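Next comes just one chain, in structure tokens: the form deposited in one PDB entry.
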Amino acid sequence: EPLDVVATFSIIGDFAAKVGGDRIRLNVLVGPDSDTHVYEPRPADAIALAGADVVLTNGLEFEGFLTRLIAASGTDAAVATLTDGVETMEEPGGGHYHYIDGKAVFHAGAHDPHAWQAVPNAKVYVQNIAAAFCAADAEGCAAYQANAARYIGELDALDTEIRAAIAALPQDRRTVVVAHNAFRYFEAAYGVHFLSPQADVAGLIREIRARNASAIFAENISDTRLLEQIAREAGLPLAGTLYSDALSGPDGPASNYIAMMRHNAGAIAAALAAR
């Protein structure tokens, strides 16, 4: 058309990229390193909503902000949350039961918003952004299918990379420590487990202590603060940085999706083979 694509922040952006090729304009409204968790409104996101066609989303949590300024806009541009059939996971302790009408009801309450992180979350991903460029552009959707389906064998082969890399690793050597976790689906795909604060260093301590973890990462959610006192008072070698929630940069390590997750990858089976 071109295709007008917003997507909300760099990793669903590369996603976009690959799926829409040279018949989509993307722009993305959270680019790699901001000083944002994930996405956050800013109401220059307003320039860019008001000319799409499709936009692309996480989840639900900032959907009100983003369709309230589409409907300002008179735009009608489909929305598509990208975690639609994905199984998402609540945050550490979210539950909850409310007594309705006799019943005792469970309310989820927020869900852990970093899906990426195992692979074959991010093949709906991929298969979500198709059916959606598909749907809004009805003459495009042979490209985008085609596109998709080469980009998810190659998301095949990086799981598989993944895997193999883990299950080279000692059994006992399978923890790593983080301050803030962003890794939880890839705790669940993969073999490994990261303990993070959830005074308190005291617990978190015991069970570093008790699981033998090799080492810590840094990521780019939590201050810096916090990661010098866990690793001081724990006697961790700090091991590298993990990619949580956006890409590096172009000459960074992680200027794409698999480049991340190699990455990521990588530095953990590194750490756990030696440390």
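Under this definition, the rigid core comprises the largest set of C-alpha atoms superposing within 1.5 Å between the forms. Residue numbers count along the first chain shown, from 1. What changes on going to the form deposited in another entry:
Only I221, out of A215, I221, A50, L26, shows a C-alpha shift of 2 Å or more between these two forms on alignment of the rigid core. Once the cores line up, the CA of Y39 ends up 2 angstroms or more apart between these two forms.
After superposition on the rigid core, displacement of the C-alpha of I152 between these two forms stays below 2 Å.
Relative to the superposed core, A143 shifts its CA atom by less than 2 Å between these two forms.
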Given for the second form:
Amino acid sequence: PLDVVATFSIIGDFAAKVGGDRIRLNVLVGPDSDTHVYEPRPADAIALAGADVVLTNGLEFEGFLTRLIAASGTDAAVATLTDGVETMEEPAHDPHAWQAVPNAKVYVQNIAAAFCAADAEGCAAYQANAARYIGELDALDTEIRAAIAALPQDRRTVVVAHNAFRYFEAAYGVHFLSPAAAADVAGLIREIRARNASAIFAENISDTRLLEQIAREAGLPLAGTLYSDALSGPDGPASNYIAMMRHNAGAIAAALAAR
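After the form deposited in one PDB entry, can we look at the form deposited in another entry?
Chain only, nothing else included.
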């Protein structure tokens, strides 16, 4: 059994689909948790020390990783799953490439390659798993594109907790606003009014601080929760990547349809 560590939950779901019962999977950053602020527990160094393969996002998403690799003394092969992805410059590259379904296909192919490197005998099983999961991703990508196409182009703007959806925007044509640092909420609400934003969404990885505040001051409904950088727990509505994207796509579409 191939010993695999995935840095966070979204990647961990891809690994489970490619590897099936051939791998033993450990995921560092869990559901409803923020990788941007993650600090590795000493248990994580043990996980890395025992792994054959480490699956990471790259693009500086996991700031803790290079330290953990040296502290753990691991000799694991480290796969950067955004290898080969058309990345986007950040307002440094924007790490949230999984929000566009064609990029998730590339993640999945890089995982199969990483497993093939470490376990040649299983390569055909891994590639069969990947090709099957990639079929479901292509259909998911078609559903999302069509549902956003079925919306009038004048209401396509939603508000979110952080700038995590720029690849979704680029792929699908929904624009996202989010607060930043400081306290320029007045500037946000102005832009909310300028762009006629339909809805404010919470995020599963963040406290619903301001987002309730902004929704009141903007006079908009808090329409629900979007899953940005982490899956939900197993009995939440985003327990795997495909469920997460259909939840997000349906929640956004419902909010954009209510004028």
